[PDB]
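Engineer: Listed below are the residues making up each chain.
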Amino acid sequence: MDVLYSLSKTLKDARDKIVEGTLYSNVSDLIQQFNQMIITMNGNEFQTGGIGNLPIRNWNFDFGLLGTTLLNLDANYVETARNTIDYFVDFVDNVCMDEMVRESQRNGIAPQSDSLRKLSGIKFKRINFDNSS
Amino acid sequence: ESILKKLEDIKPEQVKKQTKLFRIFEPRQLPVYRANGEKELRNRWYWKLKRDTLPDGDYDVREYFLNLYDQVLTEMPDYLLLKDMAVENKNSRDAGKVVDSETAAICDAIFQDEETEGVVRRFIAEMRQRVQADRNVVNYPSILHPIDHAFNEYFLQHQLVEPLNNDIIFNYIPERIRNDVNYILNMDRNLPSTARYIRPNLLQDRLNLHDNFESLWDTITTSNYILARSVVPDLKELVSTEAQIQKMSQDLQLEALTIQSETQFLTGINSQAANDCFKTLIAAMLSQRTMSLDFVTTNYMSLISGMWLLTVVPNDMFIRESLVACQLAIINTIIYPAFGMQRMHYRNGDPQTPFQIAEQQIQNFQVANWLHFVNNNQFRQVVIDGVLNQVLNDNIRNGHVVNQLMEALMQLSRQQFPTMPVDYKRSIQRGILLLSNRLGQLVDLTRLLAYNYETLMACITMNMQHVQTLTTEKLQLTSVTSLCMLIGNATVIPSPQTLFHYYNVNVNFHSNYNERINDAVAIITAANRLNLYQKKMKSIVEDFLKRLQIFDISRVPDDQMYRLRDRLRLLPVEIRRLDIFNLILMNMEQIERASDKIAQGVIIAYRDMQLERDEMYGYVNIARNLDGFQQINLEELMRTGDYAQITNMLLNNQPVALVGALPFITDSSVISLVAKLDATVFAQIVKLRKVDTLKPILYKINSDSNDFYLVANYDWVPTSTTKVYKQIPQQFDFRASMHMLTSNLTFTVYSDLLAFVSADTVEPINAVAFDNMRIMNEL
Amino acid sequence: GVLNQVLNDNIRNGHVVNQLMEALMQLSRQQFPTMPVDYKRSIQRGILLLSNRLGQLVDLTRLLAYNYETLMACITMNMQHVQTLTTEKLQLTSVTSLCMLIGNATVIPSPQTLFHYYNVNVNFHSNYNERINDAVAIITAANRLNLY
Amino acid sequence: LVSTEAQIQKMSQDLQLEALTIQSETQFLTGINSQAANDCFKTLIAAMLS
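Chains as they are written, first to last, in the deposited numbering: chain C, 1 to 133; chain P, 109 to 887; chain A, 494 to 641; chain G, 346 to 395.
Source of the hints: derived by calculation from the structure; they are not laboratory data. All residues carry an ideal CB built from backbone N, CA and C; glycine is no exception. Please note that a few of the clues may not be correct.
Result set (BS3-like, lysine-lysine): computed pairs, CA atoms no more than 25 Å apart in a straight line [stated by the list, open to error]: (1) P:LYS344 x P:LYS582; (2) G:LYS387 x A:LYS582; (3) A:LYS533 x P:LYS582; (4) P:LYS795 x P:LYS784.
If you anchor each label on the Cβ, the simulated ranges turn out as follows [stated by the list, open to error]: (5) A:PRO604 x P:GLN137: 51 to 57 Å; (6) C:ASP62 x P:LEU678: 45 to 51 Å; (7) P:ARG882 x C:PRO55: 47 to 53 Å.
Make the full structure from the sequences, and use the hints.
Structural biologist: Given below as structure tokens:
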């Protein structure tokens with residue numbers, strides 16, 4: 001849950017802060033966190049299940065890191081970041097939906113979807129950051 | 109250089125060829141005796157150790173078996189052709205052949221012996237080889253002990269040779285060299301289907317010497333740097349130094365009666381320095397060796413050349429102190445005075461470099477953007493073709509960073525320098541003019557550097573680990589100025605022969621590294637599993653480091669070698685070595701028990717026990733097992749040295765079994781057995797408290813005894829109170845020992861695959877870069 | 494019946510050196526925020542010089558503790574701990590030499606050396622007690638004989 | 346004991362003292378020898394015993 005929230009928070013921050021013309025000093029830490037998320041998620045295969053009418057969806061992560069060269073972000077940087085953020089937002093939304101449509105009598109507080117159960121592994125703890133909600 | 113001689117003198121791998129079947133046992137004729145001890149007219153063949161030299165003491169026996177493991181590893185071949193071992197079997201009906209000559213000797217001895225059964229002679233007559241030329245196979249008869257057969261069968265079935273063809277040879281070349289359009293490869297041979305080769309063991313560094321082994325890593329990186337220097341091409345058709353100096357003098361407008369900073373701009377501009385800088389940069393990046401920046405703050409041309417250098421080379425390639433000094437000189441001499449900013453008071457040890465502070469503090473977009481790029485210009489760690497590599501930014505590879513730097517410099521030249529005399533601005537402008545008059549040549553130089561770097565990086569087999577080295581390589585900024593000022597338009601790229609030589613040296617070193625790691629790991633694991641608790645393993649690691657051939661073990665302390673031992677101990681053993689050790693562990697008890705020099709123990713019972721009947725001894729006081737007796741471990745007794753228990757048992761006549769590899773005295777005298785001498789060989793243990801001198805008595809009572817008439821004339825079965833824990837030899841069954849050893853009929857093994865590939869280069873003017881444009885485009 | 498100054502069981506087995514290593518390993522990873530990088534590197538590499546001898550230092554600690562225990566078994570007078578007027582000066586360069594040069598050759602007191610040490614201690618203790626007895630006897634005799 | 350020459354070279358290489366600006370460059374590795382190690386061992390154990 002904390003890892004899923006961290007993914008969603010990172011993507012929201014990327015959408016809000018990665019804008020054309022912004023100083024890189026305004027996104028340096030955000031870019032570092034986003035790249036850490038990219039590294040952690042890279043090479044992992046996920047599946048959001050087909051309970052009900054939810055389509056079964058497969059997710060692969062092979063994204064390159066975000067750049068660190070521009071003093072001020074430009075249109076090309078924003079477009080590349082937009083593509084990556086769109087894929088990640090789709091993945092996160094599908095994972096959240098797959099989790100919301102599931103319930104358990106024995107352990108309801110534990111993750112029910114296999115995607116969120118996989119995100120509860122130790123290797124994904126790196127993605128975790130600010131939990132302010 | 110001696111380092112290059114050491115690194116290029118490594119041979120690929122010494123190929124081992126088996127000339128004879130490995131053997132630990134041999135048949136031997138022994139006289140046999142009847143149940144009453146009378147000698148039979150017939151003899152009998154028994155299995156006996158060929159080299160019976162097992163030592164006294166269980167610990168010494170385990171050491172002997174470790175040495176045997178080393179011997180078997182030495183004798184294990186990379187490939188085998190049994191026809192080389194094949195010899196004529198004179199008694200074969202079809203005049204066939206057997207392997208090895210020792211088998212033929214056994215066959216001849218058995219066949220000629222009058223006591224051999226006719227069935228065995230028939231069997232020998234049938235022994236011949238079968239050749240399947242269609243399958244390229246041959247089966248040869250061989251006479252081997254089951255342990256010998258196991259070892260030889262493993263050797264036969266676990267050879268290291270694999271088929272070789274033109275496609276394999278071509279794929280041996282690195283994928284990036286083949287995918288490069290600037291090199292044309294060719295072959296003039298069709299390798300036959302019977303060609304073989306041995307793959308190099310290019311496993312990545314399992315010891316992670318880049319982590320926490322800083323002196324060894326310094327040595328490794330120095331060797332890599334020397335090799336990379338040796339293979340970096342020389343710059344051709346450089347601009348004439350005299351003409352370039354004249355042009356620089358005219359641009360700088362040097363005055364005779366005035367002291368000027370611009371004079372120093374001409375310091376150290378020569379082709380030797382240009383080539384030295386090119387080689388140093390490419391070799392340091394390839395070997396991932398940290399560089400040190402040598403410059404004089406009074407030479408501003410050095411500072412502008414340093415701006416270019418910091419633009420192109422990632423800043424992690426330079427030791428931090430030198431990088432900080434160069435950046436501070438650039439900021440306080442060029443950047444800040446241009447913009448009227450106060451001189452930066454930079455603190456030594458600041459978390460931020462001078463360029464980061466300047467980037468925060470500079471309001472000019474071009475200069476600040478260039479500063480930001482320099483700050484964030486890093487290598488990219490990418491696993492290409494299975495090898496970790498440090499990849500330059502694409503803008504560096506295509507040379508666009510030179511355009512960004514030139515925009516920054518042009519913005520600097522336009523500044524007013526409000527707080528400096530006009531001559532200071534004039535000098536800075538003149539230096540910038542010198543650098544900017546060669547903008548196209550600088551783009552060409554950056555592209556050439558990047559292309560040479562990646563082309564020579566394609567030939568690296570070990571991971572390029574980016575870690576700061578203990579010592580650095582000094583780079584003079586005057587050499588950078590020389591390279592910037594004298595580089596022409598001629599494109600120089602590594603020769604295909606140079607690339608192949610570099611790749612072959614790298615492969616040889618990598619294979620040697622992995623093979624020596626395998627040897628050390630096997631030896632350490634075997635010593636641990638053999639419980640050699642008194643063995644100090646420093647020698648093993650010392651031999652390992654000696655055989656790597658690039659370290660001076662006299663400079664390596666013992667603690668470092670033991671840390672290497674600890675790292676080696678965690679690695680798995682190579683499959684062939686592990687299986688050989690498994691065979692040895694399985695069969696070492698049987699190998700030891702076959703020795704005639706030592707016994708497995710002595711049972712001191714204080715009751716009469718009838719001597720066992722065995723055909724090859726007659727009557728013998730041999731114990732097949734230590735059942736129903738308390739056991740005293742002689743090894744533990746010798747290690748601890750406490751003889752209280754053994755003394756108490758010997759003084760109280762309490763039956764016991766002293767267990768441990770012991771030498772024994774073979775006695776055939778019946779009168780000695782009647783005298784009960786075997787029971788008198790243990791008081792010395794109580795007297796001297798030493799069991800190394802213990803040497804029990806093994807009675808061998810049969811008709812060859814002088815007093816056997818006592819046994820014959822009194823229907824008397826000999827009895828003794830002491831028994832020798834010992835085994836009896838296994839009978840040699842000729843038919844059961846025959847094995848059909850199968851191997852390939854014939855093949856040819858090749859060493860240097862790239863010897864079969866002839867490679868040439870396209871015209872250097874037409875050589876292209878990764879982006880399909882010519883590397884150098886200036887007229 | 495003899496007072497003895499004994500070490501922590503973690504010193505005796507040398508396990509605590511691991512903690513030391515741990516601690517100074519962390520010191521090798523630290524930033525040293527405002528320290529010059531060359532001096533920082535030198536300090537960190539010296540810290541690692543001591544760190545990478547973890548096994549040797551564990552062996553040295555166990556050896557020193559064992560020798561101390563064995564030779565303390567041969568002490569007959571109470572090991573009273575007092576801060577003495579004059580000290581024994583210990584050069585830390587000698588400590589560095591011991592830490593950086595100790596190998597893996599165990600050396601323990603010889604049985605004859607232990608017996609000689611014990612005999613010397615016993616002789617000194619016995620002489621001390623006998624001379625106390627003589628002094629007390631003579632003083633008491635002089636007082637009871639009224640030898641003012 | 347570990348060879349004094351090898352350990353001295355290792356320590357010198359790791360410390361890089363010559364590259365620093367330490368007013369005492371030679372005195373750093375002085376006193377590192379087998380005799381000093383033996384003196385330390387004896388001094389420590391003897392002081393603890395006495």
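Engineer: Can you list which hints this structure breaks, lowest number first?
Structural biologist: Hint 6 alone not satisfied by this model.
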